[PDB]
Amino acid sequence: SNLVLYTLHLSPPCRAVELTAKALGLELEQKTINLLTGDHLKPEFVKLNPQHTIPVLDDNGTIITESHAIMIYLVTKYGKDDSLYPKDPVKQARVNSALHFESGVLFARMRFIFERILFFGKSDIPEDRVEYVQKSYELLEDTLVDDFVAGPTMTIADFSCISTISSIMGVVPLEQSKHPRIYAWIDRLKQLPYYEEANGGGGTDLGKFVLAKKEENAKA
């Protein structure tokens, strides 16, 4: 049996994995979990994941929650080589640090911005949400001393960061004169044959959505 992803293409951690599949030549069976309609709060998916988050991987019995774990596991099982996730401990620790930086800083700050708008009826981006996100951009620009977030070679840490950054930048302006490293980096990832499809359209579209969703919360 083929790998199944419970997923939503608007979802950033969803797109992280989709990029990885693509990079691995893996064909995912997508099953939609519409968070807007509470698909994830339904009892059958609460059984798959008590955190009721997406994506969820199902690989013929094995269920893996959490984008960064599913990405590790996909490379470990299916990679024909380890470029996307180094076996060398020292090299793997730089990937790990950038994976946790993405979880703990970039996506966490994005969520602190998006979640109250898309789910709690909110119509503002508080100024402190803004500073946390603008600080997360600078932290990323300083992490890019190499061409890719965790070295000179592209890793799953790059998919993880791009899926987030490409969502939040269409909502909290990423000034280009101040972040040339981030932009030169986005440019690299856009050169990927599968970039528009696995990520760039859902990032762009989630940004626009959050903005529509927030023009919409101001009214009724």
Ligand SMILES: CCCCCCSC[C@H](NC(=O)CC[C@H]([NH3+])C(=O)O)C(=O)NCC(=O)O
Given for the second form:
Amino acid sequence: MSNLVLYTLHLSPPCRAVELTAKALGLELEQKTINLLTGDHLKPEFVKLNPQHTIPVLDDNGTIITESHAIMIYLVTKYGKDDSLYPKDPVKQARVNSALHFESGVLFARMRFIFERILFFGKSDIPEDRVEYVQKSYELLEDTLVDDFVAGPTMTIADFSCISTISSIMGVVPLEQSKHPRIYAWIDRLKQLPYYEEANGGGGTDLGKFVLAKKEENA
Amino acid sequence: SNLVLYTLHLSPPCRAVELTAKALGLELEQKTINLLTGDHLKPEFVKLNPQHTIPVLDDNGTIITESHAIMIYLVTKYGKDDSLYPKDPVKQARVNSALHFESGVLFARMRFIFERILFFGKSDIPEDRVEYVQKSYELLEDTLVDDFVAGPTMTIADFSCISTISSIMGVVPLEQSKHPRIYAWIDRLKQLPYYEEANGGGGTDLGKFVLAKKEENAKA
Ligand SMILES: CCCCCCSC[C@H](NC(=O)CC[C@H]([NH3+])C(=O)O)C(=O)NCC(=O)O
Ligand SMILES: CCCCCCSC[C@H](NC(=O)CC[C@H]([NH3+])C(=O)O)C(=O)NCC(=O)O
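Mind sharing the form solved in complex with the named molecule? What's above is the form solved without the named molecule.
Below, the chain from earlier opens the complete complex, with every other chain and molecule after it.
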């Protein structure tokens, strides 16, 4: 059939989670750039694909899938050769599902509460409370990492959500190494992947850099 | 033997679980975790959930944290059919997408509003917080193309959404004339014979309690 299509932007953290998932699955993704910065997500063809007007959005031969965590689950279920990235055991799957919602309701939400007002609303500060909210999220991630990976002894799509966000926010709200030895060790694991820098590492670094740059530019 | 829920009825994600349990005909044994007295910060609770949030499910020794994971787990283990959580990958992707919209958008913005009031002695709701919330309503309204959030059928994504929306509309006004789809979706849900007991009273009461805490904090 047709190559999977991702409506996407490499700077976007949930887009990078899907790109790591694809690489892990040995899937090739056709990327169509939706540039948020020149407003492409609000242009009206894109709004028909996604009424929430967010990226990523998946086009699988006419089946449209919105939302990074739904996209990654969809890809593993349909294109996985096993369920190592997304367990089929109800209990180990619950540990993954709980970690995905941690990423969306805590890690990504708090990051967005910090980045969006700068990238999109023209602000030039990061308030004391935002810093504390984010740093609290780092601490929750540290406490969750009782195992090598976020949702157990094995790497799952919940690791990809988590690192796509953490690698972006770390260079704005500092993640100090000694308060956070478990996160540090975990980053190291994921960096061992052959596709890590390419599918996430650098896009994360660059998003952090870009927010600081646009913030001096807003002050 | 008893499925146990570590819970507080005012908490939206606890009520989402309560709705799901009713929809499946399950009976939950509820154990109070009083967040207002820091029950969740105690070592006994942190052992159950290192993120120290409610709800936590205890299924005969098996510990399942996080409302959305718990609802899935429960439908997976106890559902007689798949209508509340589909097996079909595409249909299921539309529910999973609404669940992450509830956690990442509806709940996270409601908590960005409530938490500072209930725990940090704040008397205000900053302007931007109100704007985040109003924007969450508009996104939900645009999502409701069908009768329910993830299609023509009611799913666990409806329980998660209403538990929250029923709590925040008490505090940040959800204007009827601008959100007629949300109002019609609410009326569908309140038809459920277990709606009031499982959700309606708690949602209303959390709204009230936030409004009362806010006034209290503005005195002293
Ligand atoms: C260059 C910076 C990249 C932006 C950083 C935030 S990620 C992009 C943002 N995406 C989301 O909010 C997606 C959240 C959703 N939970 C998912 O995981 O897909 C968006 O499309 N926002 C557009 C909108 O919401 O209107
Ligand atoms: C008076 C009732 C008001 C409670 C409203 C917020 S709900 C309770 C709050 N729960 C959560 O954040 C859980 C959200 C999570 N994604 C889920 O759905 O399980 C909590 O335990 N918070 C504790 C913490 O983070 O320390």
